[PDB]
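As structure tokens, one chain now follows by itself in the form deposited in one PDB entry.
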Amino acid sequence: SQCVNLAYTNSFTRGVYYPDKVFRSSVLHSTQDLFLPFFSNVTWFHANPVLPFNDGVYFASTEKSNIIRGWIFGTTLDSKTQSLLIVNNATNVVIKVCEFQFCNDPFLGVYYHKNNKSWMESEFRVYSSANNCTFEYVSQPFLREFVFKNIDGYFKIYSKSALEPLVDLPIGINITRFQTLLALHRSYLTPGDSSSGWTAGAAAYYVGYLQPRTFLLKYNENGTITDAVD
């Protein structure tokens, strides 16, 4: 194997996405969906814990570098069940569903490759094993805020108020917990360097949870402009 062994709260009126509907409209429209309460208790994390998923999550981060690369979703996060794994390269996004034998403290290891002049990332250090892969999606990579919901076998994603729909995925798997996927690097540059010294800039992310609440969405010509809940 390759695995390595390595709060504050807030509140704001964001976390609005097109209401799981792709219908065009130009007036106010009510909706009973899974939404984020406007002045709810958001948790401010420093990095890294396995967080519950519940019915949805609000995720946002202002991290300057390319340290936060994605997330892992699933139940036991073991080889016993299938899990979701989103990874963002500088050029691509990669979404796979397999039976990942995840590491206790997963991270996307960044290392120097002397024969290519380049830095590269290793999905080892994230999972020691990966079998029974049923789904693989590849396209361009994803303040950066996301909404994740897993309903009717589909995993739906909105990004950027008014979070536009990013993509939704016929995953068809149960998702109860998730963890943020960090990119760590290491280099042999001083005679005393330690191979265990994986490091990166300080990374922090906001996590909220979605609630089943009636909302009102104001459309003018395209994007949702205002919103309302009580």
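Between two forms, the rigid core is defined as the largest C-alpha subset superposing within 1.5 Å. Residue numbers count along the first chain shown, from 1. First, how it differs from the form deposited in another entry.
Fit the rigid core and compare the CA positions between these two forms: of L169, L181, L184, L166, just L184 moves by 2 angstroms or more. Core-superposed comparison between these two forms: CA of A200 displaced by 2 Å or more. If you fit the rigid core between these two forms, you'll see the Cα of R213 move by less than 2 angstroms. Relative to the superposed core, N131 shifts its CA atom by less than 2 Å between these two forms.
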Second form
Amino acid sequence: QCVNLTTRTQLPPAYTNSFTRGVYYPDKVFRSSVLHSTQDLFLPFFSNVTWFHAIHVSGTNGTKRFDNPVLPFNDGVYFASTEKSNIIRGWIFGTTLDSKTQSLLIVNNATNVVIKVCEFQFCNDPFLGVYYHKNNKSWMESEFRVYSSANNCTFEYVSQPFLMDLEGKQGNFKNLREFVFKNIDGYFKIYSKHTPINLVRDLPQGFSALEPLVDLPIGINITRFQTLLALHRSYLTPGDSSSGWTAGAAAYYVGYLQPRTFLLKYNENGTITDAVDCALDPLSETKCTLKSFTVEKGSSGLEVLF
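Moving on from the form deposited in one PDB entry, please list the structure of the form deposited in another entry.
Since only the chain itself is given, any partners or molecules it might have are not part of what comes next.
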């Protein structure tokens, strides 16, 4: 199954700013119109998050990137993709990421979401592949080169089937897909949010809390993860299995959760509509001390009594 891709070019690591993204609902308490202070694993506001690309730049020896490095998991991850052609397909999570230990696979293979925990012998360069057939103008799922063996499976879920749109699109990124992953006491917890966007780079500023998606009772150690991307092949990408491919444009972003005290605002319906990262700056420390999003002195004059 495994193919080590060639023709990637060198590019320095790149970064962007997380603004106030990545807040998620840290519990399932029923709330209405209250602020709640809680210490949990959060992405600090205005974090320097790492920016990864799938891109094939025009020109002679134009930059060609298909970024699927193995990355640390640390205490949990914020993951965001900015998409127009459904290039990010999922992730693998584990330790050795080989047959010596169990790993978690979460992947959209164009017809199903697949969630499996096995002793996987993952490929060094795992990827999925789409083929564009010129004569009927059809984009079809063609390659699944993620692992060469899978043994002793302890968890398997396969969603109801679908047919995902695989067309490489023109224009700006249109879909923002955000995830928080935590691995707590044997449970792999996923929070997520999908948002319409219209941008070519960076992350949008507007606030959105990620909602609980699922808790997987899988009981495995996780210290590393690796993103699964789909490449494209066609009559325009001549070469062999390693070289005859291109990347449809996509970007994704990785930040790391750490222990933080956040003040969360729940509106009339229990939606988290704003948050303060208490340790961000003196203004945020002031808000958390006052248990308030507003710090301005009032004009009642009643302070002198109490």
